[PDB]
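One-letter residues, chain by chain:
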Amino acid sequence: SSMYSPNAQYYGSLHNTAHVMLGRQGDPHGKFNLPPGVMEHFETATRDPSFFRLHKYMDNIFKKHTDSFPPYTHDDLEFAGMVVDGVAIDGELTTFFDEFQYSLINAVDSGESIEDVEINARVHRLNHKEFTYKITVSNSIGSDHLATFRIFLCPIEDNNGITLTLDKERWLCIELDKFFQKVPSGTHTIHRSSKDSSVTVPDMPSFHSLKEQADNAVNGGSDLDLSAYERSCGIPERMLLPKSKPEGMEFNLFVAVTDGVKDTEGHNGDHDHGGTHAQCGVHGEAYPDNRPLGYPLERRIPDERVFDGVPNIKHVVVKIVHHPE
Amino acid sequence: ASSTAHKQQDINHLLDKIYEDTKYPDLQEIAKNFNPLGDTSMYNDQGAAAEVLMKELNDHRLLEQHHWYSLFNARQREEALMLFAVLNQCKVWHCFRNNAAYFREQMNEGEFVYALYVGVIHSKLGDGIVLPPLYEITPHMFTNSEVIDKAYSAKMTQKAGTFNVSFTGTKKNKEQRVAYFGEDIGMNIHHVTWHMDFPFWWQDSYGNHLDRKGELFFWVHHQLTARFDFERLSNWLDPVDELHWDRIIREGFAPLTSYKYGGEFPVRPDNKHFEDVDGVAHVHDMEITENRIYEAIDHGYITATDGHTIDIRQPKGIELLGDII
Ligand SMILES: [Cu+2]
Ligand SMILES: [Cu+2]
Ligand SMILES: [O]
Ligand SMILES: [O]
Numbered sequence: 330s331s332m333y334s335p336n337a338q339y340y341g342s343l344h345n346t347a348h349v350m351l352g353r354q355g356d357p358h359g360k361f362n363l364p365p366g367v368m369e370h371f372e373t374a375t376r377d378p379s380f381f382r383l384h385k386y387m388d389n390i391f392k393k394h395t396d397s398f399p400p401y402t403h404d405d406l407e408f409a410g411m412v413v414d415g416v417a418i419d420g421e422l423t424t425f426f427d428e429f430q431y432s433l434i435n436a437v438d439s440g441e442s443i444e445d446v447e448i449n450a451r452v453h454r455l456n457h458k459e460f461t462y463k464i465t466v467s468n469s470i471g472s473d474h475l476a477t478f479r480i481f482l483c484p485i486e487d488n489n490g491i492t493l494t495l496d497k498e499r500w501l502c503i504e505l506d507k508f509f510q511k512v513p514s515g516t517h518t519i520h521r522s523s524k525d526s527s528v529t530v531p532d533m534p535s536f537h538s539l540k541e542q543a544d545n546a547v548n549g550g551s552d553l554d555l556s557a558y559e560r561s562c563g564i565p566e567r568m569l570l571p572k573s574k575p576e577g578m579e580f581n582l583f584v585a586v587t588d589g590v591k592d593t594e595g596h597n598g599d600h601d602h603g604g605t606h607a608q609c610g611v612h613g614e615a616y617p618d619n620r621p622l623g624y625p626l627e628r629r630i631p632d633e634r635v636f637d638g639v640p641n642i643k644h645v646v647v648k649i650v651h652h653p654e
Numbered sequence: 004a005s006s007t008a009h010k011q012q013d014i015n016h017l018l019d020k021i022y023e024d025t026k027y028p029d030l031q032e033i034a035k036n037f038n039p040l041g042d043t044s045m046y047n048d049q050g051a052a053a054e055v056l057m058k059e060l061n062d063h064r065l066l067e068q069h070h071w072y073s074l075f076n077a078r079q080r081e082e083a084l085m086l087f088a089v090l091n092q093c094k095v096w097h098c099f100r101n102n103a104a105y106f107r108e109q110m111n112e113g114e115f116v117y118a119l120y121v122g123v124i125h126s127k128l129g130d131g132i133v134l135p136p137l138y139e140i141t142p143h144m145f146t147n148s149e150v151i152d153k154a155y156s157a158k159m160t161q162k163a164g165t166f167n168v169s170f171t172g173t174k175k176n177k178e179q180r181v182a183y184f185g186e187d188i189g190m191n192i193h194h195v196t197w198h199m200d201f202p203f204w205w206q207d208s209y210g211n212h213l214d215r216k217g218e219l220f221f222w223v224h225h226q227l228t229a230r231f232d233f234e235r236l237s238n239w240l241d242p243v244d245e246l247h248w249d250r251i252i253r254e255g256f257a258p259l260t261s262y263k264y265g266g267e268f269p270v271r272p273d274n275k276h277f278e279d280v281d282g283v284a285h286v287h288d289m290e291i292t293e294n295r296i297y298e299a300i301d302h303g304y305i306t307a308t309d310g311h312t313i314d315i316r317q318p319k320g321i322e323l324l325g326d327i328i
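In the order they appear, the protein sequences are chains A and C.
Using the entry's author numbering, you'd call the opening residue of the first sequence number 330 and step up by one each time.
Using the entry's author numbering, you'd call the opening residue of the second sequence number 4 and step up by one each time.
By construction, these hints were calculated from the structure, which means they are not laboratory data.
Label pairs and their calculated CB-CB ranges:
no., chain 1, residue 1, chain 2, residue 2, range
1, C, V168, A, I390, 53 to 61 Å
2, A, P575, C, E293, 54 to 62 Å
3, C, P318, A, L501, 48 to 56 Å
4, A, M332, C, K275, 42 to 50 Å
5, A, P378, C, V286, 28 to 36 Å
6, C, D309, A, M332, 33 to 41 Å
Distance condition first, Cα-Cα at most 30 Å in a straight line; then the derived DSBU-like pairs of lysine-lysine:
no., chain 1, residue 1, chain 2, residue 2
7, A, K463, A, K497
8, C, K175, A, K360
9, C, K275, A, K360
10, A, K360, C, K174
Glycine residues also receive a C-beta, built at the ideal position from the N, C-alpha and C atoms.
Just chain A, with the same shape it has in the complex:
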């Protein structure tokens, strides 16, 4: 729970206490002088497999609430006069592992009056090749209109080879992008690069790089456009796509185009929302999208006919291939 809780005396702090409960299971009675578990730091918690069992448990609590609302109707979902004619991607969807280095110098003891030496860790990390979405829309209103583009990747089959219904897919879908763009009258193709995702941020610049850039500016006088780096909150760009398999896997790419005027009311459409607003919001500003998080996949969809009848929603099959070493 957070300090926004209306009643912590009654509702307690389920999630934060659970982190400690799990983290301490190696020494639950303090007999062994063991330090806190990996679950007791946000730096480390996702290293523990139990992180995801705990958070699925918590996720299902939220899901009982979100499932309690009536399914969306045609009128709920329709962006009148906006149809998605096609969805395609420029570039193959390819994942691989590459190598990344970071410095261990801060971990080791130095001094006094003894020189340092370069000490690095090299890790293998998931990555993917660049691609660009091609989303063809037709705006059959006689005016340009702001639209929200909501992009999700959804499984088609489970690990047993069983084809999933839309209701069984929706809670498994992962957010790939969300952006606001003016759609002029007529039929037009919207292009969106994978690198520009509002879900992701680039790899952090190294400490050594930050020192070099700051030192070069201070010792001299140079206004470096530091307004370049994203934020550190956001799924790493390299992890935008799931690993998939060497033999390839097919997924549903789900695109919902919604009324940007209504979605952004109170926060403007032309305004800059930063590079990570989908899950990390906008630093020092209100959250720019009024819709429920997960829209339009966050309510039950018992009747797939409802979604199929909405011209501003479309999904297509895409293939992701893993390229092993």
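Got chain A sorted already, so can you dock chain C with the ligands onto it with the hints?
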């Protein structure tokens, strides 16, 4: 007649050799000839309580003499409180004495002793009387079976004697190290007298309110618990654990004590799980009750029968919790 000397002597005689018909001719004569309903002007309720008890007696609905009695047995308690209610309505001592003598010879001795003690304590007519110690009135409830057996042997052989009491169990039982606390005859008198002074069955219609009773209930038992733990600390033992309905009761108990009528007190094995008790409650009922009490505590209010809230975020809250717990 109602002087302190006579009232004290009357109480002494009524409690003398409690398992046999009275040996005092004056009490014999009263029990034979007194009619609790003969003159209902002696009662502040014009005989209502005496009518209730006489009807139960005449219909043969009362517990027989020479039978175990437990204050926690609902029907046996109700029968004892029927006699208390009569004594409590007596305006003058001769009513109190005569009803006590009459019902001594009709009612179960355990019920009678209980009713007479709380009748003396809670009637103005009992002011100035000193109640004999229960360990000399019903010694079986304060004395182990081995010593009672030696007393029976002394009586069978018509020989006086004084017999040394030892503790139960063996030195192999570390709990025996603190037996001097819970087996002390005065500590047991403290405990039963507190409950006689502050009975859970008290209703203010009996005459007066028992101020802060629910908070005193918390406090006297908190002090018993804390004092016992101090004896454990004194004897190289850890503090007691708390019981829980879903966890084993680690420490069993062999009382090695007996009722005068009803047999030996039962033993409880080490390391047993709670079982449902027929005619009392399911273990699950205890857990639900516990949950409801904690709901009130964590809400900050007790829920009334009609659903309205009773605030306990105030100094009387602990007392109201004592009332409901
Ligand atoms: Cu968490
Ligand atoms: Cu008690
Ligand atoms: O977390
Ligand atoms: O978290």
